[PDB]
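Visitor: So you can see what is in the structure, the chains are spelled out below.
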Amino acid sequence: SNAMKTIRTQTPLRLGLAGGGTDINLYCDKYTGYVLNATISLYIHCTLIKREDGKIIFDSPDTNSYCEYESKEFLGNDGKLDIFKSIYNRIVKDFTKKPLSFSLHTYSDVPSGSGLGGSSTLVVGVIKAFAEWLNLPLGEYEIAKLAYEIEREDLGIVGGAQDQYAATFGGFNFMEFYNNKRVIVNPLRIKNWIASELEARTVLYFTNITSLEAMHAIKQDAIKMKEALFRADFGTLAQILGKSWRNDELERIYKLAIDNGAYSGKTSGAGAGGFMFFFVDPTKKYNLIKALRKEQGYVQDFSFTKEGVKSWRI
Amino acid sequence: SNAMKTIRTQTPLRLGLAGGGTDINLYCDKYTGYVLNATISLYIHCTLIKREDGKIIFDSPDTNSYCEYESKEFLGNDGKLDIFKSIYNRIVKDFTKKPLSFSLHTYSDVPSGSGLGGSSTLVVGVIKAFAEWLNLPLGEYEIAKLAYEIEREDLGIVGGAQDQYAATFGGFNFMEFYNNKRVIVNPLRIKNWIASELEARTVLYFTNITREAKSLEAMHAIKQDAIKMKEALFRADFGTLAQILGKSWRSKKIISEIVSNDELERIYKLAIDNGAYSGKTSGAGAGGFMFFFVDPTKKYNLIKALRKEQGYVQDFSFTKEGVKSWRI
Ligand SMILES: [Ca+2]
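Protein chains in written order, with the authors' numbering: chain B, -2 to 207, 226 to 261, 272 to 339; chain A, -2 to 211, 226 to 339.
One thing to keep in mind: the hints can contain errors.
[To be verified] Restricting the straight-line Cα-Cα distance to at most 27 Å, the calculated cross-link-like pairs of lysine-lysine (DSS-like) are:
hint, chain 1, residue 1, chain 2, residue 2
1, B, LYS309, A, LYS335
2, A, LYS335, B, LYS52
3, A, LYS319, B, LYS319
4, B, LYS27, B, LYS188
5, A, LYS2, B, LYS241
6, A, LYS52, A, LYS2
7, A, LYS258, A, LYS335
8, B, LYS47, A, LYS319
9, B, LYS77, B, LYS142
10, B, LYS188, A, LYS77
11, B, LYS27, B, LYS234
12, A, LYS335, B, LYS335
13, B, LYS95, B, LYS27
14, A, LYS335, B, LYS241
15, A, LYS2, B, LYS335
16, B, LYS309, A, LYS47
17, B, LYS52, B, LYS95
18, A, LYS263, B, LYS315
19, B, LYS77, A, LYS309
20, B, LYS188, B, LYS280
21, A, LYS258, B, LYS331
22, A, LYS258, B, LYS77
23, B, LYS309, B, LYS335
Worth flagging that the hints you see were computed from the coordinates, not collected in a lab.
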């Protein structure tokens, strides 16, 4: 039937829906913030193929990067796909203890610099390919953690492994922070129609153009959003999501969207050439999209996904 | 809180993955042929809002059409969205026995003319909106029948309720035809990775082309290809599945539709040059499309070459569900 020497993984990107931060500790319990994100149907795809010629190949055509090295236990940096070397180097140090021969191929559904957690989604996607291929004893949590440490070695990170949790666990996740280091992830069960209604009121547009009283009400905003989520209260949810969102080329298109129905708008990234996310009445969604198609950027349809990284062998 | 006087429905379009025809007494079963289709993440969206002013509004902006009438039992035809009148008229004749007041708003994720089951998908989404709103005793099969009756009678389609069952039931459906009458629908339970693997191997491209001035025994192996394709699906045998899909795609009606046009033939060529190893052209009309099979490690470069052409690549997933609805 199948040769079974090929592994593939598919890892979704995510949208920050809301968030509050108090990097400065003050609460009686050391609460430093919250984020509500949700994975969407835009992915990073990886394919890993076993080889037998003692070669290692890293192929990432969406970044115009291709590498071929001789198989060995440690790959030194050469400024090309160094993130792949760190991952490989770690897998060998911690689990296999010997070199491997294979080809790794990857691409993203969105151009580089989109701000949907692409760097972490990739790392997670690639680690899962190795884990599935090598039968490594690593649960979803251990994967997100390993992804965080690898990213930490090559660059500095704040907010803990939140992006890695989104990519690994998927769905809507409500994250609570303590001492700007500890992260408590609440993977939420959201009724399907809630996601469906949110999708019906949403437009995602890529632009293609690369105080203290507020801080102290953050915890209560969180309780209110969570409360609105389990009650499936859209009035409130829409009321607080719109709030959480309260000169450039971005401001012109924001104006253009509101003049065509959008009642709320938000950017993120890389807050410039990334994307704009709008809320609109579904009976107005089509006209809005038609207007935006006329501009420089493009509208990207998507749905919220229920799961995180998946993998399979063929 | 929520007002609860609004109903929304979302209905997926479908993709014909494979099919074959055998007419008719070639078998002692009266096996007409088969079709294997699967719903995808491109949808028709419907919103139905109750209003208390004796008005009936039909709003379809993707087709630049807007109708307004007075609430009554029967709405005669006038050339603007006559499809919604037939649906409305039938809901009143067979269920409510009285006039209704509401506004109906719809739109599709794909342009007019596409060969993805657009008409059946629309009728199903609307019927479902009324059923949910009025609490009609209608299961999914009953909605597909109603959709089929309305579509054959008040239009002129023939060939079976294929498209209505796909939109209503969703997922992968293998349909067998007997004596051009009995459609046996096998709603397949498919391992999720099969779907994921198929998605990894495929590219959907809308052409935006406008054409200009440029067997007697092999047909008997069709019923064999069907049982072979079911077995491969059940077995999750992707090596054999790719192989059999590959075959049915080289018929005559596929290769003819490709070659019968210089610009489509050029696009096919360009796709094979860039990684595709198989493709078909469907509903080659106002908004035709090509569907390709490609090596996943080559898909990005294929997509990249296609994005430089006048058409556009449409990402999608295979979906598990058929029509869904909710009240808000
Ligand atoms: Ca490193």
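Visitor: Is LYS47(B) close enough to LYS319(A), meaning Cα to Cα at most 27 Å?
Guide: 33 Å, violated
Visitor: Holds or violated: are the alpha carbons of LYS258(A) and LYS331(B) at most 27 Å from each other?
Guide: Cα-Cα ~35 Å, so violated.
Visitor: For the pair we were handed, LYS258(A) and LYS77(B), check the Cα-Cα distance against 27 Å.
Guide: Distance of about 41 Å is beyond 27 Å: violated.
Visitor: Taking 27 Å as the top limit, are the C-alpha atoms of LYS309(B) and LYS335(B) close enough?
Guide: 35 Å, violated
Visitor: Does the structure keep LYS188(B) and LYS280(B) at a Cα separation of 27 Å or less?
Guide: Roughly 33 Å between the alpha carbons, so the hint for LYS188(B) and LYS280(B) is violated.
Visitor: Within 27 Å, alpha carbon to alpha carbon, are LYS309(B) and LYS47(A)?
Guide: Judged against 27 Å, a Cα distance of about 17 Å means the pair holds.
Visitor: Does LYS309(B) pair with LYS335(A) here, judged by a C-alpha cut-off of 27 Å?
Guide: Holds: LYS309(B) and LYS335(A) sit about 20 Å apart, inside 27 Å.
Visitor: Under the criterion that the straight-line Cα-Cα distance not exceed 27 Å, is the pair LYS95(B), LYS27(B) satisfied?
Guide: 44 Å, violated
Visitor: Is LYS319(A) within 27 Å of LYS319(B), Cα to Cα?
Guide: Holds - the C-alpha atoms of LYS319(B) and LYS319(A) are around 18 Å apart, at most 27 Å.
Visitor: For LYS77(B) and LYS142(B), compute the direct alpha-carbon distance and say whether it is at most 27 Å.
Guide: Cα-Cα ~24 Å, so holds.
Visitor: What's the verdict on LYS258(A) and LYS335(A), does the C-alpha distance respect the 27 Å limit or exceed it?
Guide: 35 Å, violated
Visitor: Please verify whether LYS335(A) and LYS52(B) have alpha carbons no more than 27 Å apart.
Guide: 49 Å, violated
Of the numbered hints listed earlier, those contradicted by the structure are 2, 4, 7, 8, 10, 13, 15, 18, 20, 21, 22 and 23.
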